[PDB]
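Chemist: The primary structure of each chain is shown beneath.
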Amino acid sequence: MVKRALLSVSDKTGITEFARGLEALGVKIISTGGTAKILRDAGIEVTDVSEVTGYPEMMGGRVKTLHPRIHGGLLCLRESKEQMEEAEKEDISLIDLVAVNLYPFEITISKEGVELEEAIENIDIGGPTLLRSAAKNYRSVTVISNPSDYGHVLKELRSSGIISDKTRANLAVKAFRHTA
Amino acid sequence: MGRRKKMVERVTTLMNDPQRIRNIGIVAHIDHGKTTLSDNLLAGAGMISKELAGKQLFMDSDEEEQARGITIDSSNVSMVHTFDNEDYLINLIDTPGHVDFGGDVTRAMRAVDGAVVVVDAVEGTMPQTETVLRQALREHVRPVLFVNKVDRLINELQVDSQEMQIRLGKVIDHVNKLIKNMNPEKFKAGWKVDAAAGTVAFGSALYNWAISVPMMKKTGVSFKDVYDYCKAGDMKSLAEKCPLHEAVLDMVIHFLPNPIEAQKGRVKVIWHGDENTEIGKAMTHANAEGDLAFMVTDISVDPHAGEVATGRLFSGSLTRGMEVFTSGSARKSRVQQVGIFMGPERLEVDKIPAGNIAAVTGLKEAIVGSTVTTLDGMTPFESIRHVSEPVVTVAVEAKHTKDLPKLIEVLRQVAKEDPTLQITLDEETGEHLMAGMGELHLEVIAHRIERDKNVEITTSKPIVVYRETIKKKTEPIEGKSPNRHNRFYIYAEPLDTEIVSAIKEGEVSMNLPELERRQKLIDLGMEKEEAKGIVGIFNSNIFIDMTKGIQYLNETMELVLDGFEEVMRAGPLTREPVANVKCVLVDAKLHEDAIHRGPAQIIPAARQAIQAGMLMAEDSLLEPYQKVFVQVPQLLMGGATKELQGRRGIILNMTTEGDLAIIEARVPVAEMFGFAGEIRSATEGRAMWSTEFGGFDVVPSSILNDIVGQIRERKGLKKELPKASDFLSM
Amino acid sequence: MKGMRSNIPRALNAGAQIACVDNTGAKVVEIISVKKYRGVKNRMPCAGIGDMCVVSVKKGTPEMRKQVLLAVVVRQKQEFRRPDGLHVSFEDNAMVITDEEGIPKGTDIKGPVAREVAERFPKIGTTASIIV
Amino acid sequence: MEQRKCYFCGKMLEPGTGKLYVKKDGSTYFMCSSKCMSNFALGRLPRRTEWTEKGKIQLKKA
RNA sequence: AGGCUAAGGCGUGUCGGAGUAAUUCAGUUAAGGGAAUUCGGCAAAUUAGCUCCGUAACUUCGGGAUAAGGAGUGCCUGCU
RNA sequence: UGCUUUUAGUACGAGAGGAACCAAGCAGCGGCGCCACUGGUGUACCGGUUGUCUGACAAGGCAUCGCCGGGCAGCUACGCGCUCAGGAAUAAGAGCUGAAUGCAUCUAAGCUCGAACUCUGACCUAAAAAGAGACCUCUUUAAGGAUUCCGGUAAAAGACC
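Residue numbers (PDB author numbering), protein chains in the order written: chain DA, 1 to 180; chain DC, 1 to 730; chain CK, 1 to 132; chain CV, 1 to 62.
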């Protein structure tokens, strides 16, 4: 089913519960950066992204990773040769659930003149990739950009068992839209 | 049953044979013949198939000493000499006593039973010699005298036999006269040497010949006969008749102590923990069954077998496998392979009991200053620590424009070359701000550059790296986000020095179980509430979230701690890293959604607030000090002491050991400039000085504004004091 | 199998969820049945130190979970007597994944193993860091 | 014949009797009796328990 | 409330008894395992007061809620 | 009644694969007994402590043994000891001799082997075995038995020792 969870949600709302819920059904939580801490403190066991994509991470808070044949795993069809291939490789994981929202962009005019520098240097680059990747998976992998629908997902999983096409679809569409 | 294999078994027998061990060493002045003696000793007793050594400098098992002709640092080898029909394991402590060494000297000396003072037959007792001898003796390491290079006198300077022994006598004299001024109590316990007592040999390492009063008689070979062979090209005969290893190993065993005995007085002098304690009695009177004592003194990182830490098995049998600890860094690592040292290589053996330097792999808690133990919180021979960071930086430039590339790579290597600096390798200006640990260290490295690589470059005025510090407890300052939808009422106050120290110690971490960390802090001083409400530690700064029941703060956290770390990296005043600063968050008005809580809004507010607070709490600077140790003559103390006093020399000890006024003080790093020169200049060239990071200290308020202004200028800042007023804007 | 020197009470019966203490990716395995054990009416399958059980991986990696595997118990809290009259007990129960022959699927075993299993299956002993 | 000392009371384990207790970290403790085992498992320390040799040593330290 | 005591009311409704076996009504405790028992966790066990922190999906916006999940708690000395 | 070692990587087989007699240990279940060891219980006993009463201390009552910790004896298992056979006569079956039926034939007589079966044999019970037993000792107003007394290796009453 859905047994891995890469949740690097910029906005740290709902992740607490979501993560517990997951941990309960199983679903190894492979988050990093902010999320990691918050969860490994609330109690939810979380594994750091470090041991998945070949090389670790950097400047937590936005950057993190950006690995080709790891985003290509989740991407689309994690069970169809060519595509799936990028979710296995060398310890490379076949993560099936992703939720990474993007803190909205802002300019925040500083008292001493517009903080253009910082502004530009806080445009999430990592996020949009992971997101659009997972999103791409109208099939297999499920992406949940929006934080305000953790319920629906959890609900379905808990009850039904596996996620539903209908849902996967909406989720993806929404995620792409969000990156837009 | 190869000769080597039979020796190997012998090796093991001797290992579990502490009474038949001799952990000896070699102590001498530069270019006296250390490496020479060493390697030719190895080959002298033929422990290995001769050829093996020589060409591949064995004793020099590392890579630096391997091109010198005189020993430089530590490691060890082994000899097994047959004396009156009896073999004895002779560990050969490599000597890290070259003047270019401080703590290392001590470290090895605290693993050397005794040594061999090697005095050039011509140049005689030398400054270096004096230093090493006195040191070693201080740490209770009985030596013997092997006047090497007699060959020179005999031939080169065509001296006659009678004169030969007149000169050597005068040396013997000098030797003891010093020993006397070093420790009269030990000179009363008869450690002093004399060739008639077999504790002094005579020979030439480079020619492998060597004699000594006893052997002399035994064989019939007299000083005059020696002179005859030397003058008549019979040094080959000499060598054969009276081997070098022969005489040396005789001194090394017949008059030099074994683990057991050595350990006794050694523990009594060096160690300070109550000898009634088990560990104590264990390592005093030969016992390896007790608490593990394995002070790693070397890390032979075998490229094809991992980190192989080499320490003397003062206590602690080495049965295959053992989860243990260490001194200071007493964490929870194990102990896998424990090879002993045969020849210069690592012969893998099982259980090693007492006085037998062993190399252990799979040891995370194992470096210099760490005495690997199986009894947590092990008492200290000589207190040690582990922290050391760049405090004195210089702006290495490249005058010669046709050198930049070379420079770039040379300092790109300098990193591991000497892991004590942190060059800010840049392209914007080309000025590589090399951050060293000490003005002298800097000077040394810089010199090494245009010497071993020879880049036609220099270095500009060294500058001290300060820390920014607050003075009092502040009043809640509101940090407002641009959009005003977030307000962060926060205050700060000085960080408790105790907590400071322990955080720099590393034990207190943010990766620590609540209970664990909390407790430590709680007793250290941190009021329970705060200890329970901490959420981050940066160098010597903490952000104690002391608020309760604030919606969305749980998540929010990150952005605020970001601002926190930013401001802490460069304080609002002197733009220096903050240190000894603890913040307490008191209120967190937040907007409901995250739209109006995006990092671009949070980060500013926090930053703004913290900075404003710091400035309102009389921001000062911390100046590092640098514990001085001046190994100088007794007599010499007038100008010396007055000098340090004029340089704020807090004397913490003066050790006026007989004819030596070894003053131990503490002087501010910034004021250490020039001291190098003046000390010796005034003391007629008689001042072996050495220093070490004396800890940051609240800069004397005296001329704080002055120091501040200087920094401001140098780092090109504004002349209006960065008034908190503005930071805490509308 | 080869006889052990000690007398081992079969302490763990079917349904027990035991911590798995090797690096195979199985954290908790539930005992399903005991190999080479014939029971009697109403008696649950019983296993002590040195016994091989069929287990189901309840926690751990997704590859380990839901798999029917073979495991060997290496630690048990129920006290067992050595031939010389001394009674030995561990602080917890612990098992390691193996094959039919007794070879461990893992490479290192965290924690002490019993000398009985260390001798009955020599490869478990070599894989284990310390044998008590 | 291995001569063993009770970890709690410090008494010699008589042959054919007594227990060996092993913790997860490989630490081994000889117990002469169920009393000593129970007191060890309660978290009580021998140095604070007066009837044991470690308690007696702690008291005679004064 | 429950427990221990006043006042007041009572010992008022078959005895004795040597292991007083087995069995049975009602209880206490129980190694290791922990629902494998059973139609079914029936029965039993767990938790439990008060203070503080923290509290999800969903919602008819009232709630869910003591949700969940954490920390403290005795005595003595001196006090605000 | 199984597993493992050995036989044996042998016979067999081109290989792959792969036995049997004998021997040893262990294990599962069953049976019988036992309590040195280990575990449980242990309302004998010892301690800590909550609430309350006896004026306080001390010493005591009550609250499930108030609760909590420990525990000797005893009992107990989750602990411990012991628990092959051999022989006879047979079933299926394999043979010997052997005619009817010159030969042949395990069969019609006769004969030898042949099972976890049956019997015997190492266990328990058994003079109320109506054929109601054998032997020895003691003594015939005795031997000896019971009752009373102090008990427990025994015991529901009896009985038993």
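A few of these clues could be false.
DSSO-like cross-link-like pairs, simulated, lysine-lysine; straight-line CA separation at most 30 angstroms [what the hints assert, rightly or not]: (1) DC:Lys217 with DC:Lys231; (2) CV:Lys23 with CK:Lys35; (3) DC:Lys332 with CV:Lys54; (4) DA:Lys155 with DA:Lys28; (5) CV:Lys19 with CK:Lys2; (6) CK:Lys77 with CK:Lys27; (7) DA:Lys89 with CK:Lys41; (8) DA:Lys37 with CK:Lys27; (9) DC:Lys399 with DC:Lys715; (10) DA:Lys37 with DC:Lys399; (11) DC:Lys471 with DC:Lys719; (12) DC:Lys50 with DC:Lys236; (13) CK:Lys66 with CK:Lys123; (14) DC:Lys264 with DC:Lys188; (15) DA:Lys81 with CK:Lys35; (16) CK:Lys2 with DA:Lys28; (17) CK:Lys123 with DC:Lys351; (18) CK:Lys66 with CV:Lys60; (19) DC:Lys218 with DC:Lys241; (20) CV:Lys60 with CK:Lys77; (21) CV:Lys54 with CV:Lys19; (22) CK:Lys35 with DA:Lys155; (23) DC:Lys504 with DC:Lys332; (24) CK:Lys59 with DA:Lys81; (25) CV:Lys60 with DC:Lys264; (26) CK:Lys2 with CV:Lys24; (27) CV:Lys35 with CV:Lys54; (28) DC:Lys520 with CK:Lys110; (29) CK:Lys77 with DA:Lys37; (30) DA:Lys111 with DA:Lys28; (31) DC:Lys264 with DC:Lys281; (32) CK:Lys27 with CV:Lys54; (33) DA:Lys174 with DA:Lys81; (34) CK:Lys105 with CK:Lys35; (35) CK:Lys59 with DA:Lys37; (36) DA:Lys37 with CK:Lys123; (37) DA:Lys166 with CK:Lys123; (38) CK:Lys59 with CK:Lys77; (39) CK:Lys41 with CK:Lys105.
Hints were generated in silico from the structure; no laboratory data involved.
Chemist: Could you run down the list of hints and mark each one as holding or not?
Modeler: Checked hints:
no. : hint                     : result
1   : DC:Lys217 with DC:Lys231 : holds, 21 angstroms
2   : CV:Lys23 with CK:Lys35   : holds, 28 angstroms
3   : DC:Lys332 with CV:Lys54  : holds, 27 angstroms
4   : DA:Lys155 with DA:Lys28  : holds, 18 angstroms
5   : CV:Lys19 with CK:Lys2    : holds, 25 angstroms
6   : CK:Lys77 with CK:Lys27   : holds, 18 angstroms
7   : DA:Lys89 with CK:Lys41   : violated, 50 angstroms
8   : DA:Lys37 with CK:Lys27   : holds, 23 angstroms
9   : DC:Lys399 with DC:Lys715 : holds, 21 angstroms
10  : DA:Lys37 with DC:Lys399  : violated, 49 angstroms
11  : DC:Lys471 with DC:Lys719 : holds, 22 angstroms
12  : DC:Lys50 with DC:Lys236  : holds, 16 angstroms
13  : CK:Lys66 with CK:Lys123  : holds, 26 angstroms
14  : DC:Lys264 with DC:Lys188 : holds, 18 angstroms
15  : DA:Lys81 with CK:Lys35   : violated, 39 angstroms
16  : CK:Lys2 with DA:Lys28    : violated, 41 angstroms
17  : CK:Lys123 with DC:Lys351 : holds, 23 angstroms
18  : CK:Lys66 with CV:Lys60   : violated, 60 angstroms
19  : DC:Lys218 with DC:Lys241 : holds, 11 angstroms
20  : CV:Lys60 with CK:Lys77   : violated, 37 angstroms
21  : CV:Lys54 with CV:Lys19   : holds, 19 angstroms
22  : CK:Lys35 with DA:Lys155  : violated, 41 angstroms
23  : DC:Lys504 with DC:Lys332 : holds, 20 angstroms
24  : CK:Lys59 with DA:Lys81   : holds, 28 angstroms
25  : CV:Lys60 with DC:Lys264  : holds, 28 angstroms
26  : CK:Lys2 with CV:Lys24    : holds, 27 angstroms
27  : CV:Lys35 with CV:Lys54   : holds, 16 angstroms
28  : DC:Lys520 with CK:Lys110 : holds, 29 angstroms
29  : CK:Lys77 with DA:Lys37   : violated, 35 angstroms
30  : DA:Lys111 with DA:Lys28  : violated, 45 angstroms
31  : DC:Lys264 with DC:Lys281 : holds, 9 angstroms
32  : CK:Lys27 with CV:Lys54   : violated, 39 angstroms
33  : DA:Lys174 with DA:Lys81  : holds, 27 angstroms
34  : CK:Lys105 with CK:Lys35  : holds, 18 angstroms
35  : CK:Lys59 with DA:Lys37   : holds, 23 angstroms
36  : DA:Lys37 with CK:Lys123  : violated, 40 angstroms
37  : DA:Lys166 with CK:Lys123 : violated, 52 angstroms
38  : CK:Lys59 with CK:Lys77   : holds, 21 angstroms
39  : CK:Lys41 with CK:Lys105  : violated, 34 angstroms
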